[PDB]
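Spelled out from the first residue to the last, the chains are:
Number of protein chains: 2
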Amino acid sequence: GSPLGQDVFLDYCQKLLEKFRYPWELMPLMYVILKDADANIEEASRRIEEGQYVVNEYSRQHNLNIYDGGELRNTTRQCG
Amino acid sequence: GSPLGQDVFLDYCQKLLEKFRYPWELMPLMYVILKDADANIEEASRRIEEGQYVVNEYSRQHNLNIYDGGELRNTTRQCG
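Read top to bottom, the protein sequences are chains A and B.
Taking my numbering as reference, the numbering of the first sequence is continuous, increasing by one, and the terminal residue is 80.
Taking my numbering as reference, the numbering of the second sequence is continuous, increasing by one, and the terminal residue is 80.
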């Protein structure tokens, strides 16, 4: 009787949170994700990443990144 | 992969972001959520909210953070 159920659903989220090093204010999102991923972190963690990769890749598609990329070309190589 | 149609998936993701007024770094989450909610914001917005309520509701029950409105801070107060 001491171990409840809902508290556990949050436990799993606590991991999906510390793993992605997210602040404590993003708990409602780790909650829905696990809610859709059958709460299987091994599955949900595979979604967020596939997500980070999307967002991070999406932008790099429009070349809208003034970071220190440095090496940036295609096909063979311009000349530098 | 599958560009064009992918740009829109970000359009919905954006609303889910501005509506909850989330920073630009939480796009990978608004991405997974819509991915399972058929990307139907009207369907996902129901999860996140029900999510904010869970975390928010789950907290006021133990009075963890939810803003103290008092012992929050102090900095200084040497008036007299």
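Errors might be hidden in some of the hints.
Partial pick of chain B residues on the chain A-facing surface, computed with a CB cut under 10 Å [what the hints assert, rightly or not]:
1. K35
2. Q52
3. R77
No wet-lab data here; the hints were simulated from the structure.
Ideal placement from N, C-alpha and C gives every residue a C-beta, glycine not left out.
Now the hints, each set against the structure:
1. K35: With Cβ-Cβ at 7 Å, under 10 Å, it holds.
2. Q52: Hint on B/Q52: holds, closest Cβ of chain A at ~4 Å, below 10 Å.
3. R77: violated, 28 Å
Checked against the numbered hints above, the structure violates only hint 3.
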